[PDB]
Amino acid sequence: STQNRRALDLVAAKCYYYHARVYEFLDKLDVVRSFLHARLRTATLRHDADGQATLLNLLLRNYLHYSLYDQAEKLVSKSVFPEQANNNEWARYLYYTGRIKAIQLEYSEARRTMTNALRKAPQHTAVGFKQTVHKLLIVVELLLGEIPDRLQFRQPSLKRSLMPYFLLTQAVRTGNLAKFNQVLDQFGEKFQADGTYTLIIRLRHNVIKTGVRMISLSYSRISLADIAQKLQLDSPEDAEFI
Amino acid sequence: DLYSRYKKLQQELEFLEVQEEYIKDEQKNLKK
Amino acid sequence: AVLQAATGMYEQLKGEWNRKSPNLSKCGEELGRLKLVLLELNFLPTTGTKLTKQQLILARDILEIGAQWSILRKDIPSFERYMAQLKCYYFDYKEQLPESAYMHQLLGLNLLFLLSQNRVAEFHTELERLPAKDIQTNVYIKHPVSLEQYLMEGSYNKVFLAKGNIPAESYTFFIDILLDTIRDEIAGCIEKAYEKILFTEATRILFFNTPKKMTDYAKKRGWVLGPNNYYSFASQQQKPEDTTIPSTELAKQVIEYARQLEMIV
Amino acid sequence: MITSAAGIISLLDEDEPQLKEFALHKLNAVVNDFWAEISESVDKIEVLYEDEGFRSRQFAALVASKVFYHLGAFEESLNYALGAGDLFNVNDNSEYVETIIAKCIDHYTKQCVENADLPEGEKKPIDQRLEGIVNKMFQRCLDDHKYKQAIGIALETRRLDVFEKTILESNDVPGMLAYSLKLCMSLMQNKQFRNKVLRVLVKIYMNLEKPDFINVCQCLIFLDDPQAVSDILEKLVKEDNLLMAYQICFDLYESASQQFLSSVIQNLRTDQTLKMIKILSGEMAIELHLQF
Amino acid sequence: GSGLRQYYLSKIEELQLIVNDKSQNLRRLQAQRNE
Amino acid sequence: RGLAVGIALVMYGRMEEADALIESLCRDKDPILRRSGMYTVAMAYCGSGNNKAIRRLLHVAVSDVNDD
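Protein chains in written order, with UniProt numbering: chain A, 196 to 437; chain B, 39 to 70; chain C, 86 to 350; chain D, 1 to 270, 320 to 341; chain E, 17 to 51; chain F, 546 to 613.
Hints are computed from structural coordinates only; laboratory data are not their basis.
Hints are supplied without guarantee of correctness; some may be wrong.
Dumping the calculated EDC-like pairs for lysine to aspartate or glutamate here, alpha-carbon to alpha-carbon at most 20 Å [what the hints assert, rightly or not]:
(1) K404/A x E384/A
(2) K404/A x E341/C
(3) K210/D x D144/D
(4) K315/A x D344/A
(5) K191/D x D92/D
(6) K69/B x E30/E
(7) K297/C x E286/C
(8) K273/A x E120/D
(9) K66/B x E29/E
(10) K138/C x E184/C
(11) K66/B x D609/F
(12) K135/C x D222/A
(13) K277/C x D261/C
(14) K103/D x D92/D
(15) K203/D x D225/D
(16) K45/B x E30/E
(17) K159/C x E14/D
(18) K597/F x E50/B
(19) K273/A x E14/D
(20) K70/B x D609/F
(21) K62/B x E347/C
(22) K223/A x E278/A
(23) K70/B x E30/E
(24) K110/D x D86/D
(25) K277/C x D433/A
(26) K46/B x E29/E
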């Protein structure tokens, strides 16, 4: 902090990354927020390209750890991520911004960043990061009404982790409320421990959306009672508004 | 010597802009 | 001294508010006078360390009453002010502050209030501050989040039924604002979905009790009533207008391809 | 803690001035950590400064300056920094104080340069607060004895008055003059203002205890003032210091145009003056050059 | 006991980043011209 | 050829005071008059290091109809 060297900025970014790690295991994550913000302004004013990128990622992790999604959205709205940043630092920013956009119902921009985050992730290591981004991208893809890629569930590393989401995607695909709910009462705790339970709840509207889409795509004229039966709704009058 | 270093750097930046603009002009004419 | 005094006029507000017929005026001045006292007693402490717990416990209470007092007279800016400070005493100092009994009821009021103002983007963010367990467990939290799913999925019938099963009597206000939005929304569904509907066929659809309540709403919506009690919604003729080729937009795009093929050098 | 300052921000739209004043004193303690959301509520801070009857309207600008400074909108931050007035203590070592100081100098430097070539009628009067901090910025150089640094901003801001004062106040007057003269010819390009720098450089040179008449004439060739060069030469003989006048004479012919010398001859006519003419006319100088 | 020494260093380091960026860019273009 | 050198010498060390003549000469259809503008740029900007004058010379050097 006292020093003002230029090549130290490259070393300092690694020191900041581990300085948030010691408090990560200390489970405070709050005293470091003041230091990160103060260091970020110091790095931004000095045009510290590498330092600014790391501190922005660390701050976003800080805000997302305490579910301060409003705080992190404000930070990314004003702070400009360094274009000439590391690929490993860009990947975290794309994920953190993608997770931010996902909560703010900005699914379209979330999907672009999460897909970008996977591309810039390491090709052979950082498996845990890949699992976390894959889990969130599957939900965002389902939330957007699109379809998850079947290949990502075949990978040896992702097969065990994405299995609850694989069953979730299957339930959403059929557009059946009963099948979607069965996944919820079975993998509800896993989604909660995975930090994605809120976005799965929003998939209930999407399950209705896809199921209606096939009903219109397959039936020229379909009774409302038949629509309720096929979507496993409660009554035809509710399917009327739906 | 701080001001001399600052002004010398300032003229170096402005000279580099001149060099990069002429190098773009020559590439345009070198294709012809 | 002041802290021992601080709890003093709080019971005057607590006793008056807990009365079966509280007065909004005297409590308002009592609340208005109360907040000035808190400012000397470290109101909204920054980086709250181990200070006196009585000030933290007490300060939340007036905000809890003030937030609950705001909707009694049905004003929006007052609720936003009080709940903004109340959220500070619910998450920030929670390692010192004990879990408030009314904290879940008041937080769900904020969630239901956001749906009434159609600030759905802010609705999910504030729902994130809650732990994932009480989202599907606590009644005060389950009701607003379930209503949001009904609103987005189109279950408009269940939105009206949500009035009867509200978790608390404080919840009634924001339901009324939200119900007005639904009535305009479901009618918007009818114009684009229904080519023609019968006059009292829309009574249960619009959830209108008195048939006359259709007439004033019809002219506000400008609905053409037909001789057979049929509302004709012939408005799909305003198609996406494929009749016109966007030549200017098309020419702009194709020109840009030529730029990316020639302007590169 | 205090992970949300929205409740503190909510204390800005009340009708009681004391309530708003307290929140301003609370926003400043968290402006370094929560400037993101305060940016969305700056419009509710700037009106507090805009209102004249507000007690802490100077404090409101200071808080508004900090959030803008964190935002990156330095032009708005400096404007509200000046609005704070005495509350923006420049002696503080904080990063905000020194960054706005840097931006204040840049804005003053751009404005002074723009005003420098502008006609006196169209001279936009510089903000008094902006000048005050820069003038106080000038003084810290003199107190810290950084005369070379003080010379640079003085030339950059075209402020010859401070430029005068730093050479005289400097311990090494000849050294500063030599360094200042080198900058004036190697770095300066405005010509019209470059002459002003040399113009005041003559004022110093005439005012040393032992005047360095050699450096005056070299500067005077740039100014193209044959009358001035005649005056210094004509008083040199009256002062009997003919030894220095002869050296001035050769230096004049070596590095001055014939027109500039031909004009000088006319004022010199208007004995020892004749040997002055013989040198400047040049026929002596070539004689040594021819003989060498 | 420094004046604008920090201000000068901020100015000098600001220009250095642009100068280094432009110098690297110019060397890219000069090779293109030479080829 | 004699005039081209002569025109430049009249405006020697004139800084920007030769800008009006320089654009007139450099825009001329006569190759020699264009050559005079280059010489006029040199004499109006002797040792001034004016990158604006250098900007014009380099443009003409790489893009001009006449090799002279």
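Task: Violated constraints from the hint list, given by number and in increasing order - done: 1, 2, 3, 5, 6, 8, 9, 13, 19, 22, 23 and 24
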